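Participant: Here is what each chain is made of, one letter per residue.
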Amino acid sequence: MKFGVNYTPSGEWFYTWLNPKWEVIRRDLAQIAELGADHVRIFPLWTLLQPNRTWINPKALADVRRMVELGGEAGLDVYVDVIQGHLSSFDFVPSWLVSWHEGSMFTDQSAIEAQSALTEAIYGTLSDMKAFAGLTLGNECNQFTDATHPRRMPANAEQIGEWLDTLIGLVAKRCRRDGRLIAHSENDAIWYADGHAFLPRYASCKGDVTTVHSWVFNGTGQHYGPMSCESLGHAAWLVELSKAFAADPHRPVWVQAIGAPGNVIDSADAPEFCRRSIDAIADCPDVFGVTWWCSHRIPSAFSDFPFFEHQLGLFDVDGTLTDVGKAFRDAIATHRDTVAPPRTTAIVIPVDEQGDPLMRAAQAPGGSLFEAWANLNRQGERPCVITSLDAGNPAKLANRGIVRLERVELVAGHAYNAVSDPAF
Amino acid sequence: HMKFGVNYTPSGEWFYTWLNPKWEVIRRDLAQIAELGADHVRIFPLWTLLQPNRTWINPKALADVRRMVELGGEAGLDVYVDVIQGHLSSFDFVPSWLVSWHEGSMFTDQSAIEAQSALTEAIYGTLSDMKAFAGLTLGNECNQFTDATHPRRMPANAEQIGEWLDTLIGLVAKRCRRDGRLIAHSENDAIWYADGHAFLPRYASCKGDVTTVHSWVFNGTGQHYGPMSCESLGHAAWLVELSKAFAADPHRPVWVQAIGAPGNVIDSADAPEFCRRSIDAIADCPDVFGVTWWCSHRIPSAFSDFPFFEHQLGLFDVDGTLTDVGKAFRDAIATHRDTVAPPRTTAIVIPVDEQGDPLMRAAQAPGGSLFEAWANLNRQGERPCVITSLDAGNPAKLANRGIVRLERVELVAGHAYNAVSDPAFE
Ligand SMILES: CC(=O)N[C@@H]1[C@@H](O)[C@H](O)[C@@H](CO)O[C@H]1O
Ligand SMILES: CC(=O)N[C@@H]1[C@@H](O)[C@H](O)[C@@H](CO)O[C@H]1O
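From first to last, the protein sequence lines are chains G and V.
Add 550 to the 1-based position in the first sequence for my numbering, that's all there is to it.
Add 10 to the 1-based position in the second sequence for my numbering, that's all there is to it.
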């Protein structure tokens with residue numbers, strides 16, 4: 551299992567992409583490596599990368615390479631997210647896709663070519679880099695197609711599947727030959743939102759690894775309590791849930807983002823949330839890695855962020871180590887060698903003829919399946935999660951080593967909140 | 011006398027060069043504009059780069075604007091800066107803190123007015139010590155964001171729009187007068203042609219130091235009357251003369267801040283004549299502050315989603331060579347560097363409410379009765395000006411403007427006006 555942090559540049563956040571202070575970035579990545587992390591995740595801005603649909607900015611590509619270079623010289627593997635897209639409640643969409651040029655990145659064919667050219671351009675610029683570990687198509691891109699988005703980019707579930715297949719397929723074989731990974735990222739709506747065009751099986755079958763972003767402001771922390779077994783184990787629950795919709799029985803699961811948000815978790819307890827959540831993740835088999843959010847706190851001078859976003863960094867505004875920064879550093883040591891035994895008792899999830907849930911609000915906070923797992927795990931049963939389709943096929947049940955099943959009737963939860971802050 | 015300049019579109023990477031300016035090319039760019047006979051340039055920083063967060067202005071972006079002003083001055087050109095873009099050639103550049111999850115109106119959101127206030131002062135503060143910094147415009151055609159046609163409209167009533175203009179202009183207005191610079195604001199022709207538009211005609215002609223007007227004959231004039239009609243060729247002069255009626259100062263200068271020969275309505279073979287005869291029409295109107303053509307350098311062929319006609323608007327080709335219109339504009343600078351315009355004596359009355367605004371704005375719009383009454387008067391060689399009904403009942407203002415003849419016409423709405431450059435935007 552791997553340990554890393556999502557890199558928020560100190561001093562100027564992602565606005566530093568306009569004019570990177572490379573000596574500060576070098577000091578930033580050196581601090582992350584000093585925690586014991588082995589990798590880092592970085593976020594270029596789509597508006598700077600591709601200011602026109604048919605012109606990618608060479609300076610922005612070169613600046614991404616420099617950060618990849620500096621990350622490696624600190625001893626860190628660097629994972630790059632291509633399309634931002636969305637970052638901490640803000641949207642950075644190039645001018646050729648807004649207002650007079652409004653379009654859907656998921657259905658507009660010429661916009662798919664632009665995303666296609668940018669993905670190849672990012673990989674081509676970094677192909678020679680030894681620390682270039684892999685690509686994610688973009689941070690939580692599905693938020694653009696959800697109905698909660700104030701400028702939704704429309705798309706049905708089939709178009710979303712073709713969207714993933716097009717971009718992932720461009721660089722999938724280069725990634726395999728080169729020894730790198732290609733993956734995609736979605737917020738918890740893919741697991742929790744009924745009617746969502748991103749289906750759970752997309753995250754667990756498309757791409758090389760399943761990415762998961764565990765945030766307990768989604769309803770789990772207010773419904774059950776900031777440090778309930780439901781909340782502290784939410785990251786583990788997302789790990790075990792995602793496996794049910796995967797075809798590969800030992801597919802790695804990467805918790806690509808997880809933090810202790812101040813809006814539901816208190817600062818005095820935030821270190822305990824870090825340690826125990828990682829204890830929960832460390833008990834699940836086949837975890838690719840744990841990437842914390844985030845590296846360095848957002849400067850106090852920047853505005854319109856949700857308040858809790860300013861304290862998410864592992865290093866404070868003056869560069870000193872945070873209380874959670876000591877918890878994440880100590881957790882890296884505690885779990886660098888811990889291996890997780892196979893999980894024997896599975897929770898059955900009733901699913902479509904094609905692998906999709908009947909009622910996703912039952913896997914959502916407050917739902918029966920959600921609570922059945924938390925209750926089973928709380929009692930030390932280390933449960934996994936299976937679908938109804940796999941439950942009637944002894945081959946897959948054998949490959950995964952399940953010997954005990956659990957049927958639970960579906961009751962919808964109502965605690966899920968699709969937005970970080972009430973203002974949205 | 012009147013000034014001649016060019017709107018500066020950076021060659022090679024358009025306004026995308028702001029991401030990483032090639033200063034040696036920009037230096038060569040401004041050298042070409044000066045060689046035409048131009049005395050000034052209008053430059054356009056991008057709001058998304060200037061102010062990536064509501065409470066943080068990027069020092070690198072401020073310094074890049076300063077370097078461009080410096081290169082313009084070392085080229086011998088006065089530099090006019092537009093603060094808020096905003097809108098440029100059918101594209102919107104709105105920062106992330108004013109979009110989607112942070113959607114807001116730049117005209118009514120108090121914190122967005124403070125942010126625009128900080129950027130306006132920062133731009134002026136950064137450039138105040140520089141000799142070639144000639145003045146500020148609040149932004150290129152900012153009214154298009156509040157128009158009812160806008161797909162992401164930032165709403166505002168006419169009273170709120172007045173407060174927006176009064177807040178930003180008043181910030182640097184007193185500094186501008188002692189420092190010897192001008193402060194102004196810009197609106198597209200919807201302020202003159204669109205009924206119900208929250209930007210009123212008297213805003214453009216009373217607020218700021220000079221009246222700005224952007225003359226584009228794809229607004230319906232070239233399609234209705236013909237690309238090389240007197241309605242089309244005199245549209246810029248008509249926009250000058252129309253704006254004066256709503257001005258309180260009888261000799262306030264009018265700045266045709268942008269004018270081009272758009273290829274979607276004018277044929278390339280005719281664009282040089284359109285340049286010459288339109289500037290001839292402007293040169294005959296009194297108190298023309300200047301004529302600023304659009305634009306300097308054509309957009310490179312590789313850039314996409316522009317309306318096709320935009321690629322050929324530049325005075326210099328993609329390889330730096332001068333276009334036929336570039337030779338027409340250069341020839342016009344020489345032809346009218348010394349020509350002064352006699353007073354215009356015959357005025358057209360604009361029926362107006364009790365508070366200075368037209369009864370029917372669509373009647374001065376293309377296809378309207380006031381519009382054609384002036385075009386017909388100008389076609390007959392009568393050199394007409396434009397007055398309001400209120401000024402017609404005040405012999406002092408008529409005396410101050412030297413008017414001796416009136417021409418009253420009934421209000422008939424036009425139906426030729428087009429609020430968008432391309433059919434794709436309807
Ligand atoms: C507009 C908004 O609230 N966006 C947030 C996003 O920043 C966050 O990464 C995600 C985590 O689940 O939750 C979304 O609601
Ligand atoms: C959406 C659109 O076409 N907007 C154009 C704008 O780009 C142009 O600068 C202006 C000139 O008057 O005319 C508007 O209609």
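Among the clues, some could well be false.
Claimed, not checked - Think about it this way: if two alpha-carbon atoms lie no more than 30 Å apart in a straight line, the pair counts; the simulated DSS-like pairs of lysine-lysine are: (1) G:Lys-756 x G:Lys-946; (2) G:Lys-876 x G:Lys-946; (3) G:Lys-571 x V:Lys-32; (4) G:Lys-609 x V:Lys-32; (5) V:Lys-184 x V:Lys-141; (6) V:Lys-407 x V:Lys-32; (7) G:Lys-552 x G:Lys-756; (8) G:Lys-571 x V:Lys-70; (9) V:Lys-217 x V:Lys-32; (10) V:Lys-141 x V:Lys-32; (11) G:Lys-723 x G:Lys-756; (12) V:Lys-407 x G:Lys-609.
What the hints assert, rightly or not - With the C-beta cut set under 10 Å, the calculated list includes, among others, these residues of chain V facing chain G: (13) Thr-331; (14) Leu-332; (15) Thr-333.
These are computed hints drawn from the structure, not numbers from a lab.
Backbone N, C-alpha and C fix where the C-beta goes; we use that ideal spot for every residue, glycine too.
Participant: Does the alpha-carbon distance linking G:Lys-756 and G:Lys-946 stay inside the 30 Å limit?
Facilitator: holds, 19 Å
Participant: Given the hinted pair G:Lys-571 and V:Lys-70, is their alpha-carbon gap at most 30 Å?
Facilitator: Holds, at about 11 Å.
Participant: Just to be careful, I want the Cα atoms of G:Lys-723 and G:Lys-756 compared with a cutoff of 30 Å; is the pair within it?
Facilitator: holds, 13 Å
Participant: Measure nothing beyond the straight line between the CA atoms of V:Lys-407 and V:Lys-32; if it is 30 Å or shorter, mark the hint as holding.
Facilitator: violated, 52 Å
Participant: Holds or violated: V:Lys-407 and G:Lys-609, Cα atoms, limit 30 Å.
Facilitator: violated, 58 Å
Participant: Between G:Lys-552 and G:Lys-756, is the straight-line Cα distance small enough, at 30 Å or below?
Facilitator: Within the cut-off at roughly 21 Å; holds.
Participant: Keeping to a limit of 30 Å between CA atoms, is the pair of V:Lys-217 and V:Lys-32 held or broken?
Facilitator: violated, 36 Å
Participant: V:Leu-332 was flagged as interface toward chain G. Is the shortest Cβ-Cβ separation under 10 Å?
Facilitator: V:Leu-332 check fails; min Cβ-Cβ to chain G is 25 Å, beyond 10 Å.
Participant: Hinted pair, alpha-carbon criterion (30 Å max): V:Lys-184, V:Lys-141. Please report holds or violated.
Facilitator: holds, 18 Å
Participant: Let me know if the C-beta of V:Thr-333 comes in closer than 10 Å to any C-beta of chain G, holds or violated.
Facilitator: At 22 Å from the nearest chain G Cβ, V:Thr-333 fails the 10 Å test, so the hint is violated.
Participant: Straight-line Cα separation of G:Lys-876 and G:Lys-946 no greater than 30 Å?
Facilitator: violated, 41 Å
Participant: Would you mind confirming whether the straight-line C-alpha gap from G:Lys-609 to V:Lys-32 stays at or under 30 Å?
Facilitator: The given pair, whose Cα atoms are some 11 Å apart, holds under the 30 Å limit.
Violated hints for the displayed structure, listed by number in ascending order: 2, 6, 9, 12, 13, 14 and 15.
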